[PDB]
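Visitor: Make a model of the complete structure from these sequences and hints.
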Amino acid sequence: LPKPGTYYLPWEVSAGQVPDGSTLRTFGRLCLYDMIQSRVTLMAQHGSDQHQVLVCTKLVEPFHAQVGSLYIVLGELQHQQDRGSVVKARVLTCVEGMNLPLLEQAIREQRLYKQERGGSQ
Amino acid sequence: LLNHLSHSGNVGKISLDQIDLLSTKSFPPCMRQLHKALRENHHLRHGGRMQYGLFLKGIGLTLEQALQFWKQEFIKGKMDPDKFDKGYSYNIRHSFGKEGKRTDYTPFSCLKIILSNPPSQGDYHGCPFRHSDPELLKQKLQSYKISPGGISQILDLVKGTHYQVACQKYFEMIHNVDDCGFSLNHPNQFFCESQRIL
Amino acid sequence: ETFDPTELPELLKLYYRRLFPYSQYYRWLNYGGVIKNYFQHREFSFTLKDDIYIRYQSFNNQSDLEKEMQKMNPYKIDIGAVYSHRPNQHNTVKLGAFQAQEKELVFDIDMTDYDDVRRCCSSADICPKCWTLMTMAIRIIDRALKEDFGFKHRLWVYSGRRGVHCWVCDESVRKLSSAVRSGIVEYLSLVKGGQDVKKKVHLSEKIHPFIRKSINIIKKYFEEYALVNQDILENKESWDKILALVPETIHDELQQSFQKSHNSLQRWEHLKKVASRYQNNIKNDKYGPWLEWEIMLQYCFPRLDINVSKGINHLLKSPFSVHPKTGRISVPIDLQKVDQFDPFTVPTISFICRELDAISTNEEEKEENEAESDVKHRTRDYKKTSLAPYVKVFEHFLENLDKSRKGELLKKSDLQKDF
Amino acid sequence: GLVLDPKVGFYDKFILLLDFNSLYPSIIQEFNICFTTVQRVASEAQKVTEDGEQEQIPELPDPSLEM
DNA sequence: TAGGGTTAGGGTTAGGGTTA
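Residue numbers (the authors' numbering), protein chains in the order written: chain C, 3 to 123; chain E, 249 to 256, 266 to 455; chain D, 2 to 420; chain F, 842 to 908.
Calculated directly from the structure, the hints in this document are not laboratory data. Incorrect hints may appear among the rest.
[Unchecked claim] Here are the simulated DSS-like cross-link-like pairs (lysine-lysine), alpha carbons at most 30 angstroms apart as the crow flies:
1. E:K340 / E:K358
2. D:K201 / E:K416
3. D:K242 / E:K416
4. E:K333 / E:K270
5. E:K395 / D:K199
6. D:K274 / D:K242
7. D:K242 / E:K395
8. E:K358 / D:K318
9. D:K37 / C:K5
10. E:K328 / D:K326
11. E:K397 / D:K193
12. D:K413 / C:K60
13. C:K60 / D:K95
[Unchecked claim] Only part of the chain D face toward chain E is listed, based on derived beta-carbon distances under 10 angstroms:
14. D51
15. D52
16. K193
17. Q196
18. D197
Note that the Cβ used here is the ideal one computed from N, Cα and C, for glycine as well.
Guide: What follows is the structure, given as structure tokens:
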């Protein structure tokens, strides 16, 4: 059995605020599909800032690509020497039309409740 | 167009005692030697064992019938029933895809068997037309009462590396049919045509 | 003392607790961690009591491996191939994307595959006289690998009962496909044919350099062993089955010569003279001009099995195992002292356990009041045992591999202009 | 319960039919079948673990034992 | 003389340790 997948907004993982080898699930919008090297570069906006996450895909071929669309990625993170941070994909589904603010508020509320229950112990 | 380019053995149940007569009648040469060795020594190694099991599965033998057949022919080999259940029936269960991954396996083709792993000492798998001595092949043909003209034709076909044509000639001689009329590619074809003749 | 199957499990637990060389074993498997998680993606297959078969047991780290080994206490240890994902989570990835990637090239030699030729023992029995068979087989295969292909690192392991295994562990070989390994095994195989075939060699006038080297390095051993020890040409049925290997044109003459002769030496000399006479008098014969050479190869060459090397996900016994029939521990065989390797002198599990008891007896008055961890205690434990030469040979091989890694990284530094 | 398979045939003449009385009670009386007089140390047919097709039926209790 | 019919209802158990 594997470890569970905790949610993480793109900008935190972009800054490397998670330990190496952790399992995380995040979101973003695809920007490029490097065919030969099996690499995916998705992007997510934050005000005037744009953040990039590198996704290895060696475990989900065959895989259709939808340029300029949202995605959900779940897997493990490995801190490479030069490439930086890349997530090893285990499941990679596509969702469209789902509004970000509801999701962001949802994880914020869940984190708040978890911390509140953590105040008794 | 892609669909067009993309390309585009279930005989009824049989008993457990007619196998000897069918073998003396319906087994092609590429497996008659294996059957004879199994009936003589009551023991066989992996290469012959999977081939024989796949063939018997492909000619209408149930899981229970095959289990009884294997347990009988291996009790004749002086084993222990507990050891049989632990090893041999245990292997046979996944040989038919009863449990485990259950990926059901199709029987080996004639071409694959002829071009399979070359048998060594202590092994009998493989068609005699490819992996047997000419003198032993002639002796075994004479044991099947093959006419001298048929023997010469079989030898010439073997020299020409036309093993399938030699199998066709053997089928025609044993079944007393002037022409087989069907190209041989798989032992299931041979057995089904023999059953149709019967 | 005679090994008994009713006393093994406690000795096995003690061995796994104390003497198993975990440090060196991990050092070999880890390969220095040049590739991320190379060791973490290995497949293991134990075999617990009551002959229950399990597999796909990865290990996160060396300490976890030690703990699981101590808890589980299995019988047989095996090594698989390296996959793209952790084997213990093989059901967590889509089917078809979990494929074997690399494994070490191996060969196997079965002593029992020579029954029709050998006569010293019967079935599963061994004698010191027949050990020369696998000795010369080892020499032939090792020389061929070292010279023809130039593979650097080799490690020979004695299985324990009747076999010896080859563990090629170089770098540019682990990445080979199945076809290349099949070609290797085909090129290294000469004894061809099934049960129905009598003659195992069909050689033309031309002789390959490999065959020439083999026949040159095989003469110095064939004479003594074959003529004196086994005495192939002793009885009537002996030369009766011998003459099946030669054309019938001289069968009666050779039979009469054998009848006249008294010992196998005279019969062999007469066979040599007759063969030499026939070579000068060759008249429309499909047979090769090397009757003596081909019979020596037929009764003397080793026999491999293509199935154990063709597969890439196949399994084979790991070294330092414990055979459940004789208790002899599988140990490496020194390359420079192969001729002085008696199979019967290899230490057994019962003898090594009594040695451990005597070691504790000595420790009762030699080593006292030590506040060390289990690492140093077990280090001195297997130092004091009879396995010291074997672990020393293993360490020397590991040092050779480490020196090779140092050389390759220095070459990479030279190429990359990083000094 | 065992079904008998005697010589197979058809006979249209007189057939005489008989039946024993209290077969199991007679067996118990003759051989002294009781919990306090029967031990379970054998290897006959019934009570053994699944190790093969052989198990344990208790043998005949000794008639010389206490009734 | 004022609601219909009013009825209590499914409420167990199933087995890892496997390859061509």
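Visitor: Now look at each hint and say whether the structure bears it out.
Guide: Okay, the hints, checked on the actual structure:
| no. | hint | verdict |
| --- | --- | --- |
| 1 | E:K340 / E:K358 | holds (23 angstroms) |
| 2 | D:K201 / E:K416 | holds (20 angstroms) |
| 3 | D:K242 / E:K416 | holds (27 angstroms) |
| 4 | E:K333 / E:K270 | holds (25 angstroms) |
| 5 | E:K395 / D:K199 | holds (15 angstroms) |
| 6 | D:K274 / D:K242 | holds (20 angstroms) |
| 7 | D:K242 / E:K395 | holds (20 angstroms) |
| 8 | E:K358 / D:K318 | holds (24 angstroms) |
| 9 | D:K37 / C:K5 | holds (20 angstroms) |
| 10 | E:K328 / D:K326 | holds (27 angstroms) |
| 11 | E:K397 / D:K193 | holds (22 angstroms) |
| 12 | D:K413 / C:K60 | holds (28 angstroms) |
| 13 | C:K60 / D:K95 | holds (11 angstroms) |
| 14 | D51 | holds (8 angstroms) |
| 15 | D52 | holds (6 angstroms) |
| 16 | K193 | holds (7 angstroms) |
| 17 | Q196 | holds (6 angstroms) |
| 18 | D197 | holds (4 angstroms) |
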